[PDB]
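In the block that follows, a single chain appears as structure tokens, in the form solved without the ligand.
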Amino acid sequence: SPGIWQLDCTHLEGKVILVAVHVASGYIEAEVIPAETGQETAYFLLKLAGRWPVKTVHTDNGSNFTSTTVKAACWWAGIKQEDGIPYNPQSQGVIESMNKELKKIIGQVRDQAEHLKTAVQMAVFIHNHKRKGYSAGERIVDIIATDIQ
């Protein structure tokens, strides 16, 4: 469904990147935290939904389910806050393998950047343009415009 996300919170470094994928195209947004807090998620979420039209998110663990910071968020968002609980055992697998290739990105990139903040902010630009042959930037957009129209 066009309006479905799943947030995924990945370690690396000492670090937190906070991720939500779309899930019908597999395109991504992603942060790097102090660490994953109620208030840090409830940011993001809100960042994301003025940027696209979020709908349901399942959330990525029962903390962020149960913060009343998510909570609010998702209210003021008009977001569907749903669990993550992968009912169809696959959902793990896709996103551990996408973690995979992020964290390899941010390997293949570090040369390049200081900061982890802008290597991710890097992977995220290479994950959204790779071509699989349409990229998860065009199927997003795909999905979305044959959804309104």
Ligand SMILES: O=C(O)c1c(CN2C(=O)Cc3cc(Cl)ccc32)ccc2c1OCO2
Contents of the next structure:
Protein chains: 2
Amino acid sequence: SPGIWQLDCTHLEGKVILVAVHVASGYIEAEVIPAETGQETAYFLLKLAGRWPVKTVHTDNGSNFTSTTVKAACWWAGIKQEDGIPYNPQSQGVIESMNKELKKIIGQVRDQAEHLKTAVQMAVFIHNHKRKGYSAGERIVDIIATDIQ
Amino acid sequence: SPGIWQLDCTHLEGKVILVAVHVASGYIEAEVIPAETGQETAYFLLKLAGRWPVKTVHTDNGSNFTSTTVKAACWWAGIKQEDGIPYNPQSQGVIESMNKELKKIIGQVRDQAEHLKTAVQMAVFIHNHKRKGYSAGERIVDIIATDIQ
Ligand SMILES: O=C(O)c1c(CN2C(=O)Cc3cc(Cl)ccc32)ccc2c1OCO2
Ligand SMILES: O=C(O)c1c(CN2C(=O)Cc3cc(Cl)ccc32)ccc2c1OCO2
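Show the form deposited with the ligand bound, please, because up to now only the form solved without the ligand has appeared in this conversation.
So here's everything in the complex, that chain up top.
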């Protein structure tokens, strides 16, 4: 549980936003790239695994699941790369609802930034700190600290 | 002290590596940029504060301390921006020692990547996972979890 993350790719302003969700907490990290490629996804995963103890990643599609560059980065970082098939059907809708909510947050900040990448990182900040009771940033730290102890 | 970070800028291959250290744990996040401007520093800080509960940052020099763009991002993200003056003189040397160790790690992986940015993220991964006994990634999570609770 503590080490499982889900990759998700969504589109806005002709660009791609790559998102990693920590499944147990809903904490996210995201980046803007011009298009999804194996190389961009592999670099994103290397960044993520240097920051949090990433044991398993459910990939967002079969191209990233197949990608030799993505498999190389998973090997390097000690990540088990898995498929992202919603064997649990509530999962299509949950990723749908996350993208919808992100895009909403991005729309609420979009005027405070010239470049979409800034607005996405403002949205990551707002999402991770939202209490709506703990925030996602609090939950992930509690989860992993409980795991270590 | 769970929320205090130190910014550090170091040079390699004609490029600049921007580093944030979480002072109590030694955990780091880093990025490669072509040069250290207010805009780049401000974006780096927005990224960092969306990911960890960053309360105070000791800026790495007076240009970033003065920068209106950096002060805008610290305002937006709820960060107290401070100077990075080593009132406690063991601080020049500790920052020095960190850069030298990062650069050593980078040299140990530099052949496994074409682009410096990949090697720096490999170095972040190896630094944060190194056991020293807990790693820096473990220390930071235990510190912040103890603080939440
Ligand atoms: O509101 C949401 O649906 C949401 C979520 C929901 N979320 C969780 O809490 C757990 C989880 C697992 C997965 Cl696999 C996907 C989304 C989520 C996460 C991140 C977000 C969200 O909105 C923006 O960022
Ligand atoms: O070994 C080091 O000197 C080192 C450190 C040392 N470090 C700590 O453990 C606490 C700390 C506070 C500060 Cl303000 C700077 C460096 C460190 C941190 C990050 C690193 C390091 O090497 C690479 O990344």
